[PDB]
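Chain A is already provided as a structure; the job is to place chain B with the ligands on it using the hints.
These are the residues of each chain, in order.
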Amino acid sequence: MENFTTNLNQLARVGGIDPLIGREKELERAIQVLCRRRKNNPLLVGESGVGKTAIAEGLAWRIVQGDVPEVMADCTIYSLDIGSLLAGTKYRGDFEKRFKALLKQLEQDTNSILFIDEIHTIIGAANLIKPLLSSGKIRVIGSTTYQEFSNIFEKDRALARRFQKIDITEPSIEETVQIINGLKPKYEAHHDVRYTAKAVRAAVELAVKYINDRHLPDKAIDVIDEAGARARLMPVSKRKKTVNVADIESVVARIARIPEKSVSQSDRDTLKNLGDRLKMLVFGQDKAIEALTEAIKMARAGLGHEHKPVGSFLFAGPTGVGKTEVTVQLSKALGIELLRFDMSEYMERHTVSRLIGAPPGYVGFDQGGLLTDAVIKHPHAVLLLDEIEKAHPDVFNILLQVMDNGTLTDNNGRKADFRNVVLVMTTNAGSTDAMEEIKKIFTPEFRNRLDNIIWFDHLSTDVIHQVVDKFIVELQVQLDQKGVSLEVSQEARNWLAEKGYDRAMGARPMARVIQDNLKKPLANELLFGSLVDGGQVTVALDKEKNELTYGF
Amino acid sequence: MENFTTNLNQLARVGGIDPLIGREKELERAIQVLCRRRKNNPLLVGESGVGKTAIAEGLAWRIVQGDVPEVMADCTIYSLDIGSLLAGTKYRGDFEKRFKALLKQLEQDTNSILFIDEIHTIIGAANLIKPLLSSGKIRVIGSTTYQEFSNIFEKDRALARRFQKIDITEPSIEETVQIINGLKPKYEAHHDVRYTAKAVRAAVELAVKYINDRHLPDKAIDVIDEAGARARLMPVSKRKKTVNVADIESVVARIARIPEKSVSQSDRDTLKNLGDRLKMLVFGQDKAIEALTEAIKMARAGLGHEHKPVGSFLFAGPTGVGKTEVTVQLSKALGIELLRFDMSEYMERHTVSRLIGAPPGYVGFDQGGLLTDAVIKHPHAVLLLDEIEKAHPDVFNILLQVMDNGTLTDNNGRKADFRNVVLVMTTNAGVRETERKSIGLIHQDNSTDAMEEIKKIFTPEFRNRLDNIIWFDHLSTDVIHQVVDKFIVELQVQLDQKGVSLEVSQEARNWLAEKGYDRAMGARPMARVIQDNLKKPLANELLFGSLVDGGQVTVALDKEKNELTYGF
Ligand SMILES: Nc1ncnc2c1ncn2[C@@H]1O[C@H](COP(=O)(O)OP(=O)(O)O)[C@@H](O)[C@H]1O
Ligand SMILES: Nc1ncnc2c1ncn2[C@@H]1O[C@H](COP(=O)(O)OP(=O)(O)O)[C@@H](O)[C@H]1O
Ligand SMILES: Nc1ncnc2c1ncn2[C@@H]1O[C@H](COP(=O)(O)OP(=O)(O)O)[C@@H](O)[C@H]1O
Numbered sequence: 169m170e171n172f173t174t175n176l177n178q179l180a181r182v183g184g185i186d187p188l189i190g191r192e193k194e195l196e197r198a199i200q201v202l203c204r205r206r207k208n209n210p211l212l213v214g215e216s217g218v219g220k221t222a223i224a225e226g227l228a229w230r231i232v233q234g235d236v237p238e239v240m241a242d243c244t245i246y247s248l249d250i251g252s253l254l255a256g257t258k259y260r261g262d263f264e265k266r267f268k269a270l271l272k273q274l275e276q277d278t279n280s281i282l283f284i285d286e287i288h289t290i291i292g303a304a305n306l307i308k309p310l311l312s313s314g315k316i317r318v319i320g321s322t323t324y325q326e327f328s329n330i331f332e333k334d335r336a337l338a339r340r341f342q343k344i345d346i347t348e349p350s351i352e353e354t355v356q357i358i359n360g361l362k363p364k365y366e367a368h369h370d371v372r373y374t375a376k377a378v379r380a381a382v383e384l385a386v387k388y389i390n391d392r393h394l395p396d397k398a399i400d401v402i403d404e405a406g407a408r409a410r411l412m413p414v415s416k417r418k419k420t421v422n423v424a425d426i427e428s429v430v431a432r433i434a435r436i437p438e439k440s441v442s443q444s445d446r447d448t449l450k451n452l453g454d455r456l457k458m459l460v461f462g463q464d465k466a467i468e469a470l471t472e473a474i475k476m477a478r479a480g481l482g483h484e485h486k487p488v489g490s491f492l493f494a495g496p497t498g499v500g501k502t503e504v505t506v507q508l509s510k511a512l513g514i515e516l517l518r519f520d521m522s523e524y525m526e527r528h529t530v531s532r533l534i535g536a537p538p539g540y541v542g543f544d545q546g547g548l549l550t551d552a553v554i555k556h557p558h559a560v561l562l563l564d565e566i567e568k569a570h571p572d573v574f575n576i577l578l579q580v581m582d583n584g585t586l587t588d589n590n591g592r593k594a595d596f597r598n599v600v601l602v603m604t605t606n607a608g625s626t627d628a629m630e631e632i633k634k635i636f637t638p639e640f641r642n643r644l645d646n647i648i649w650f651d652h653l654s655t656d657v658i659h660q661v662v663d664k665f666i667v668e669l670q671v672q673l674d675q676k677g678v679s680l681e682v683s684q685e686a687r688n689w690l691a692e693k694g695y696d697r698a699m700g701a702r703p704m705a706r707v708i709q710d711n712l713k714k715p716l717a718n719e720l721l722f723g724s725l726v727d728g729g730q731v732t733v734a735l736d737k738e739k740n741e742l743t744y745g746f
Numbered sequence: 169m170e171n172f173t174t175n176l177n178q179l180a181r182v183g184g185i186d187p188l189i190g191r192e193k194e195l196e197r198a199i200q201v202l203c204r205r206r207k208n209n210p211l212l213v214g215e216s217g218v219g220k221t222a223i224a225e226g227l228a229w230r231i232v233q234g235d236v237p238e239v240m241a242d243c244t245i246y247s248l249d250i251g252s253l254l255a256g257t258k259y260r261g262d263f264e265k266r267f268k269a270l271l272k273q274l275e276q277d278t279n280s281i282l283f284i285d286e287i288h289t290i291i292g303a304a305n306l307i308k309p310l311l312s313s314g315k316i317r318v319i320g321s322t323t324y325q326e327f328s329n330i331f332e333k334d335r336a337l338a339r340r341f342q343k344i345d346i347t348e349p350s351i352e353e354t355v356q357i358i359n360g361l362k363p364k365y366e367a368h369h370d371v372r373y374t375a376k377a378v379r380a381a382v383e384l385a386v387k388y389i390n391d392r393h394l395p396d397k398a399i400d401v402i403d404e405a406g407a408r409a410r411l412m413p414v415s416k417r418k419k420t421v422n423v424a425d426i427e428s429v430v431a432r433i434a435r436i437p438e439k440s441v442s443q444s445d446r447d448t449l450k451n452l453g454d455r456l457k458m459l460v461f462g463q464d465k466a467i468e469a470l471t472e473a474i475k476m477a478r479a480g481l482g483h484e485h486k487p488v489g490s491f492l493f494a495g496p497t498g499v500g501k502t503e504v505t506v507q508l509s510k511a512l513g514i515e516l517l518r519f520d521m522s523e524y525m526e527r528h529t530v531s532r533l534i535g536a537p538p539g540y541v542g543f544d545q546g547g548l549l550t551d552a553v554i555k556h557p558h559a560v561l562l563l564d565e566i567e568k569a570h571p572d573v574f575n576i577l578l579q580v581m582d583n584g585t586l587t588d589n590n591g592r593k594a595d596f597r598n599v600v601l602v603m604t605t606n607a608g609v610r611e612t613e614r615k616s617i618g619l620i621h622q623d624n625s626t627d628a629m630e631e632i633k634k635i636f637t638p639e640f641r642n643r644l645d646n647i648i649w650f651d652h653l654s655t656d657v658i659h660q661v662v663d664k665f666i667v668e669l670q671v672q673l674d675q676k677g678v679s680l681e682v683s684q685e686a687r688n689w690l691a692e693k694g695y696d697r698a699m700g701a702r703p704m705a706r707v708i709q710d711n712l713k714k715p716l717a718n719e720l721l722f723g724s725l726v727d728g729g730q731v732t733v734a735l736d737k738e739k740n741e742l743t744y745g746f
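If you read the sequences in order, they're chains A and B.
Numbers 169 to 292, 303 to 608, 625 to 746, taken from the UniProt record's numbering, label the letters of the first sequence in order.
Numbers 169 to 292, 303 to 746, taken from the UniProt record's numbering, label the letters of the second sequence in order.
Chain A on its own, in the form it takes in the complex:
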């Protein structure tokens, strides 16, 4: 095996192997398994990036250090390269020849162990070692995921009985702190930096909160190494080597595809003026913004509940008052995604399965869910549900279980975390009369689970003028990107506000009115070339025409 495997004893004795911390229980289990006469083959069951490989390295380290029982001494752990072993054969006899050469070079040392990292690729071959590792001469250290184990193992019972499953789980928060503490000095030596304990704990907690593609002990080490690299690059500004919590938050936002610094302390600057910058983007219903921002700050302060969503908000009031506008601006401010669903399509009995997914064996199972799928895709978004009072009661039971426990289960068994989303529900139901109306239509078991009910009052005529001026200034800045100025007379604004607004529809027709009255005429003048770079658009209302006139 001179060219097929790596002598891990020769490697832990020189360097590169890092000390394994907090795995005394699993190491003892692997040792106890290795002391058996027959079937002394440990199998490490875990997931990607949990430190399965670190177990074998720590075992080789304790071997070369002598921190093992004397029965376990003198053993040599070999890590084979499957690239050299399996690939490049291309014929019916070469792979078995390589395999038998490896087995013979293992036979000369009856106390040596072979460790095959990720042993699910060589198996599906496997019938060549089942009689060798059954009870005869060879002990093998296996490392697989739970999925690869439950898929390839447990089917070949002859191989399931020839291996000892060692349940490697991901370490807890404090164990991650201890592991990264033990691993700190090496990165400090490489990057010539220093990590504060506050930065360490913050990095672990932020990796848990935002980075959900890997598991704890590896993504945490990755974020510290990345912070160390960033602080080693910072001498382009000739800064100090200390790595604080700010660098950790920056690198976290860099990695989790999250807006920069939108995680811990710039959030203080945003929540300082959250209600204000909302009231500059939404007009009217300002007490609604006040209560909503109050609840948002209440949740962000760390005083909320972990087994409930960030907030369960009901937006009661007539349409066109900006509930969706409040929601989308809340999403844009906090740098979180937006999830939008309309319960108009889930009012039927059979439609409920579209959210979580059909049970196995039925149509649309491999489609998975839509709610749980989006939530797993974007765990920090704000959930928007239009017309909740239309949803079929099964959707209401789903939402009840969500608001009560803050987690959902995909039809593939995955866990959808809702503790980081803001559950926002809007209705077009709508004061005390609106409250009594809400008591009717909504079951008390649902209302009792709500965080806060937010009422949206009717839009006032000055507010309609303000929103039409908002449309006008948006069109103005859009034209300024083109380079054409625009004038709109006051009576034109009043006519647009009165014509595009309905008490029963709110400001919804305002987009259509703005478009068909302003963009069309101006688009003709601009594209056909009558109005060019340097013109100024005028808007005049004639009561004898009720139309808008213009010029160059």
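None of these hints come from the bench; they were simulated from the model.
One should not assume that every hint holds.
[To be verified] Now the in silico label distances, taken between C-beta atoms and shown as ranges: (1) 273(A) - 579(B): 56 to 64 angstroms; (2) 685(A) - 450(B): 31 to 39 angstroms; (3) 263(B) - 254(A): 14 to 22 angstroms; (4) 367(B) - 372(A): 47 to 55 angstroms; (5) 261(B) - 591(A): 49 to 57 angstroms; (6) 347(B) - 372(A): 30 to 38 angstroms; (7) 416(A) - 181(B): 23 to 31 angstroms; (8) 595(A) - 261(B): 54 to 62 angstroms; (9) 592(B) - 428(A): 24 to 32 angstroms; (10) 329(B) - 697(A): 56 to 64 angstroms; (11) 416(A) - 360(B): 26 to 34 angstroms; (12) 458(A) - 551(B): 52 to 60 angstroms; (13) 386(A) - 329(B): 44 to 52 angstroms.
In this text, a Cβ means the ideal position worked out from N, Cα and C, and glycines have one as well.
Here is chain B with the ligands on its own, set in the frame of chain A:
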């Protein structure tokens, strides 16, 4: 030896390497990745020829200029030229002994970084770089594309725990112009010609609508090279060093073989008169054509949302009135391709997955979905989705997502550009309700408005995003007469090619037109009725001795409303 490992730092010092234009944040990412103690091997994923070698050359140059932290300020970089070590052996043992020799040589050359061009092809002598992975003390920068990345790296833990993908996107228009200007003086020296900044500007602005082979910073330079070569070679006695935008469009017409006058010399002229251009080829539906042209013009004006698609229109009304022909002539007028899909085949979600390119449902998910690859091939084309009311509601979800954001990502790390695509769907829903016979003694009882059935079929979430909803009316008697006359002249061409002349009375044309027109299918049964009423008796005569090689047949009607055949 040095014939296998090339230090490009010397190339940067001797002026052989120019500084890189832009993409400095990719340099910073690569540097901080090379700074790591573990997983310190950068990987460049992206399109082929977008400046990955250029990124590495600019990074090595910056190290020469010392634009890096003090840890890698003195480090040297090496480029791997596999061909030199590979060729000249033709012996597996010699191949492997050369591999060992180069491994020992680079290990002696420690404290250096080796750049592997197209590492995806080196990994798949796969046992040549595995010594570098097992050693780990050597940093390596590679280059790969999304296809090869998804094929090799995402399934291998030994590679994932070493490499980090650097998503290199194609630069903006102005960044491409900056790169063109940076590479311009040496080519002006080589090609002995002079191009303006407006010349290369119109060059890239034309390439973006001619590019169907490779992205921006891999083709505009080739356009410039072709322009220089032609301007130096096209005239024998003249040497037109002045290379203007007319020269660029001449090269575009010379290479793409589309007439420069139809695409490059017409920027807005056909757009300003698009409506009459369509009305000239489609008989009738003038109101629908006018509405469509006004909508697409309002879109082209640019006073809207740049992310949204060019146009999203639902063509309602009975089929067989030319809505597909309207779309065909719209595609031909804009000079853009026609990407069409008959939504009758996507009534099942396991086919919607194939439409998008979801991993399950279809083999070959490395190539992505149909719609995404199609819009990638032509980011300027028109989209036709017939019978849109048949598609699965997930197609409606995707259409809502596109009409909301104007971009569709793929499960292979690619994006779809819709901001230059116009989407057109056709349906005939509700038109079946215009022929619903009432119960009363009169039972006309309606000129049905299919709008209610339309809003019933398409959820308000979807149709709320329509840029317009175009309604197509019934074809007029003159329109039906023109279309039956077109069928007639087609039959006449066929018969004269056979050698038989044909004549038809105008009354017979009116009869065929008024008989073959169905308010449910428009003029589609016209081909069939023309066939059954004309081609059958003429074929009977053509085979049974009345006419064999030549002859002439006239057509007329009786008082019984029957076709009358007149033989030789
Ligand atoms: N208890 C620990 N002590 C020291 N390092 C650890 C510990 N647990 C995990 N690590 C580190 O986290 C990383 C885990 O990588 P690894 O488990 O080998 O990947 P995979 O499980 O996918 O094969 C390693 O860098 C490892 O050193
Ligand atoms: N309070 C408001 N302030 C500013 N604009 C508003 C407001 N309410 C409605 N609008 C305008 O109406 C359009 C969207 O209305 P929407 O939020 O969908 O109504 P609703 O949430 O009640 O269904 C937008 O053009 C928005 O600008
Ligand atoms: N105004 C017209 N000008 C020319 N041909 C027409 C016209 N109206 C109908 N036709 C003929 O009837 C056909 C109707 O096609 P269409 O309604 O688009 O169905 P499809 O979905 O298969 O494209 C046209 O292809 C054309 O041959």
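To see whether the hints hold, each was checked on the structure:
The hinted range of 56 to 64 angstroms is satisfied by residue 273(A) and residue 579(B), whose Cβ atoms lie roughly 58 angstroms apart. At about 34 angstroms, the beta-carbon gap between residue 685(A) and residue 450(B) stays in the expected band of 31 to 39 angstroms. A C-beta distance of roughly 19 angstroms is found between residue 263(B) and residue 254(A), which places it inside the suggested range of 14 to 22 angstroms. The given range of 47 to 55 angstroms is respected by residue 367(B) and residue 372(A), whose C-beta atoms sit roughly 53 angstroms from each other.
Distance hint for residue 261(B) and residue 591(A): a CB-CB separation of about 52 angstroms, consistent with the stated range 49 to 57 angstroms. The supplied range of 30 to 38 angstroms is met by residue 347(B) and residue 372(A), whose beta-carbon atoms lie about 36 angstroms from each other. Against the hinted window of 23 to 31 angstroms, the Cβ-Cβ separation of residue 416(A) and residue 181(B) comes to about 26 angstroms, which satisfies the hint. As the Cβ distance of residue 595(A) to residue 261(B) is approximately 57 angstroms, the hint placing it in 54 to 62 angstroms holds.
Separation of residue 592(B) from residue 428(A) is about 28 angstroms and conforms to the stated range, judged on CB atoms against 24 to 32 angstroms. Restraint check, residue 329(B) to residue 697(A): a C-beta distance of roughly 59 angstroms satisfies the suggested window 56 to 64 angstroms. Between residue 416(A) and residue 360(B) the Cβ separation comes to about 30 angstroms, which falls inside the hinted range of 26 to 34 angstroms. Between residue 458(A) and residue 551(B) the beta carbon distance is about 44 angstroms. The supplied range of 52 to 60 angstroms is therefore violated.
A hinted range of 44 to 52 angstroms for the beta carbons of residue 386(A) and residue 329(B) is inconsistent with their spacing of about 32 angstroms.
Checked against the numbered hints above, the structure violates hints 12, 13; every other hint is satisfied.
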